[PDB]
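Down below is the structure, laid out as structure tokens.
Missing here: one protein chain of the complex. Every other protein chain is in place.
Going in written order, the chains are labelled A, B and C, and every chain counts its residues from 1.
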């Protein structure tokens, strides 16, 4: 539901996610991280299922943030993959991959994996 | 480095990725998978580092595809995270996460993980 | 601390983990899952850091379960990777990979990824 996803959300680390869900399945917005080599807001883009199943199944979605803005550049990018569950306590449960640019010899250790849960603010 | 990402890429499964990289960090294009509950092309959007390091490091990037188009709807989405390495034989090395919409009872088995390598051949 | 890890633990899905930590860094025990194509107990084996850092860092560890016992065989195996944090509320936080045996053509979809948090029972 675009109106379900659209809004301001926060995760367990204190980071902010502001997103707008479009009728064509597009997601656009900004992300502010509470941790890492990051400062201020960064641009995010993604996609979601705009015609989900009418049962109690979640809405699949995903988005990306490249950690470069006009103030800092960490030479890394993160992608979040998960689903939106709406209702009184709507949540977006995700798993993420954070890849840093490295030399070919240090590539084996270029990707971190984790999970974040977002709660929507009214 | 830079521009080199724009083009048509293919992975080991035979899927096709057509992308345009914008000067300020955006990635836009279409994806066609050779496997799965998919048929024809789907829209993709992502981001990449438009000012990478000057030592011999790769260019970090990522993108997403929601598997719904005029033909089918698989009620799932995949995100690829990796880095671009240019040179005589450029490649994009990635790891991906594919999440399907499920009921809460099946949420523990909603996400698949894999890796894909793309080249221009 | 072998005495810290050794014990009975439960995760958020209602599954049971019984383990013994050895002086040489070995982990042995049984696992009972609340979900999936599984029934009864399964054998588990793993390793942990038996000489961790003396600061507030966790103790790294990991273990594996192949889902075959004398009653059922699901032709799959799971590995849990994480760390032990002790104190009053001791927890083992993990991320896991579940791989199923498949034909080469369906290999791209052979592995699931998730996370489990275990609480120790007294």
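We adopt the following convention: a residue touches a chain if its C-beta (ideal position, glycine included) is under 8 Å from a C-beta of that chain, and two chains touch if they have at least 3 such contacts.
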Answer for the absent chain's shown contacts is A, B, C
Contact with the hidden chain, among C:11, C:33 or C:78, goes to C:78
Missing-chain contact, candidates C:4, C:7, C:36 or C:62, resolves to C:62
Missing-chain contacts on subunit B, rising order, are 95, 113-115
Across the whole complex, the chain not displayed is touched by subunit C residues 25-26, 43-53, 55-68, 73, 75-83, 85, 93-104, 107, 110-111
Across the whole complex, the chain not displayed is touched by subunit A residues 13, 35-36, 97-98, 108-109, 111-114
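Everything that follows uses one rule, which is that only the chains that are shown with their structure count from here on.
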Contact graph of the chains (line, ring, star, complete, other): complete
Distance in whole angstrom between the CA centres of subunit A and subunit C is 28
Taking each chain's centre as the mean of its CA atoms, subunit A sits from subunit B at a distance in Å of 16
Taking each chain's mean CA coordinate, subunit B and subunit C are separated, in whole Å, by 32
Contacts with two or more other chains occur in subunit B at residues 97-98, 111
